[PDB]
Each structure stands twice: as C-alpha cells, then as structure tokens.
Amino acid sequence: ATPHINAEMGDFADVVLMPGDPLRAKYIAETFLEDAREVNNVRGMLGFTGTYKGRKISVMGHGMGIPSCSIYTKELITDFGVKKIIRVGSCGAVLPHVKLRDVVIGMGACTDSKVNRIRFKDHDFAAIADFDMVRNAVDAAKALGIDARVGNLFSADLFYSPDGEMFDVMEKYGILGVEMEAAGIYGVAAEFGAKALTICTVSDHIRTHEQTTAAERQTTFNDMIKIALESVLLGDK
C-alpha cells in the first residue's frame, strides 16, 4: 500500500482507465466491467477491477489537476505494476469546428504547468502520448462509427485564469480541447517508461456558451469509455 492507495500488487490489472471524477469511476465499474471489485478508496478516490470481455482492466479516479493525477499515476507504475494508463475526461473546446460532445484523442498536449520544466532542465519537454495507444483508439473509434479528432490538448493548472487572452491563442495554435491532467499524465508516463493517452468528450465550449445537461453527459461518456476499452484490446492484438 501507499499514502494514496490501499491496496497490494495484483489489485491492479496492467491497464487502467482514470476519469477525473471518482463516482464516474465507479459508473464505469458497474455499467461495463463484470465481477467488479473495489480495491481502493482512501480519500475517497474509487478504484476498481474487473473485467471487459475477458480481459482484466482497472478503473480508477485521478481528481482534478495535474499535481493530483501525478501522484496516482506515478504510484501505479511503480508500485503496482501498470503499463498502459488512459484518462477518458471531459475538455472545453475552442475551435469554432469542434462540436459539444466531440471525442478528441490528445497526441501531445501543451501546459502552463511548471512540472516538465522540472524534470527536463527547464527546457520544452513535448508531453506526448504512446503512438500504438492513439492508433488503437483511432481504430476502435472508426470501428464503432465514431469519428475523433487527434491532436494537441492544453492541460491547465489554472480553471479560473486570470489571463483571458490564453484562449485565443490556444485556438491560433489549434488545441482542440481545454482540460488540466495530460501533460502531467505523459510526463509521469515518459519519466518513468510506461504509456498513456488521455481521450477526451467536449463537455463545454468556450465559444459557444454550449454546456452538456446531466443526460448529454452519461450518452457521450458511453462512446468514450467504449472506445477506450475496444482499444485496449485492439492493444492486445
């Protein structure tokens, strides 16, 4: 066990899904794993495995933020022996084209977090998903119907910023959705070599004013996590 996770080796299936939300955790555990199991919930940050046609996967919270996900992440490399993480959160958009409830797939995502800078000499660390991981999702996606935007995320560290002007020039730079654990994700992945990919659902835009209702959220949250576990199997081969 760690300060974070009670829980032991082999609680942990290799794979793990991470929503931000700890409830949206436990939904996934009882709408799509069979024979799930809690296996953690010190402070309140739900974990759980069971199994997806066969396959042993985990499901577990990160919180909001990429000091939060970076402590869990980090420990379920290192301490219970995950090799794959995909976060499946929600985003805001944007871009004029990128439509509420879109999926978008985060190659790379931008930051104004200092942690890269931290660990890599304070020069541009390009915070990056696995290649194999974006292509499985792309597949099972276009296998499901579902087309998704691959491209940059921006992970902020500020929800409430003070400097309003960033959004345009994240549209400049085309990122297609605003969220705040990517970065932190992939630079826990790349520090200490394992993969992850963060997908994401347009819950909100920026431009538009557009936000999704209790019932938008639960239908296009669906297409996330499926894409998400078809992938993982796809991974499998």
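Positions refer to the first chain, counted from 1. For the two forms, the rigid core is made up of the largest set of C-alpha atoms that agree within 1.5 Å on superposition. What changes on going to the form deposited in another entry:
- The only C-alpha among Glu210, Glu191, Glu171, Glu38 that moves by 2 Å or more between the two forms, given a superposition on the rigid core, is that of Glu210.
Got the form deposited in one PDB entry; any chance of the form deposited in another entry too?
No partner chains or extra molecules come along with it, only the chain itself.
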C-alpha cells in the first residue's frame, strides 16, 4: 500500500510485465493469464495478477514517460518484492532497415532525460538491461520463429520534440527504436537492485507508407507478449 498502489505484499508476482497503457494491461491479463485478479486501480493504473502456464505473473500499466514508470517500478521493487520487470510497448523507428512490426529488444537505452545524471554525479551512466533477461527473450523469440533485433533504444522526454534534429543523430548512432521510458526503468533497476528489460514492437517509422493492417499489427504485438511471458519461464529454469 503506497500512494500509487492499493495492494499488499504478495498481491504481485515477483515478475511484472508492464505496458504503458493501463487498458493494455487488462488486455494482456484477459488474453494470456488464467485466474487473473485486479490488484490495483489507483488513478486508473490497472494492475493484474494471474498465472501463465502455472507460473504466477503480474501485469500493470506504467503510464507514459520516465517520471511515471519510475514511480511504479520503484514501488514494485521496494514495496512488493518484485525482482524482474519487463516493459512491453511500442516504438518509432529511425533506421531504414528497421521495418514496421519488427520486435526490438533494448539491451541499452539512450535518453535526453536528466534522471540518470542526477543519479550518477552528472556523468554518463549506461542504462542497460539485465543480460540474462535479454538472452531469455532472444531465445524465446527464436522458439517462436520470431527473430528480434537487440540494440539501443532512445527514451525521449518530449514525444513532440521542439527540433527533430535529434532523429538524424539517433539514426547515425544506430538506435533501433524510439520510446519514452526504458532509460528510466533501467535507472530504477540499477538504483534499487532489481532486473529490468524492455521489448518493443515498431509501430511507426519516419518515412511512412500505406498503413499496414491492424490484424498483422496486433499479431506481432501478441508475439511480443508471448516472447515476454515465455522468456521468464526460461529464466525460472
């Protein structure tokens, strides 16, 4: 029971999948988990706990932005005993060879936010994911015939950047996807001694075309979730 979560120790699994959209968490709960129960509803950030193939799993939205997800992941780790957090969201692409519906795994996350500099005496803290979590995800994807890209994500503070001059830079230094919280989650995981990983599905790209079908799009998003769910089972072993 924290100011942002009305639950108690035991209410969450030691592993939590986190989409940015609270309505997405209910979607995941109802689609992949059995015997799911809502364990939080404060300010509409729905959280759920259930089981995936006999394994206890939790799913809860983290909202948009590093400041938002930082609050939730921190409380989950320090107040609910959560050991692993897997963010499952969307991202925009800047690289020409990265196409719509590609599954991206952020082994690292670049950012224009100042949270990690505030943490790291103003120096460069490399916000990285937990290695084992990354390989578990890579292997799970492989078992599903889904080949994922592993690299750098860029966590933006401004979805509407005042000057898109930064997109050429991201492209130049090869970041795979553009989103808004990976660098924040990794900073939190490092600060409170937990493990985190964010997986994204490319929903848009700079230099668009047509629009792609929702069915195929929704299919890839489900694969991403399965990869996430299945990767934790591999970790349990």
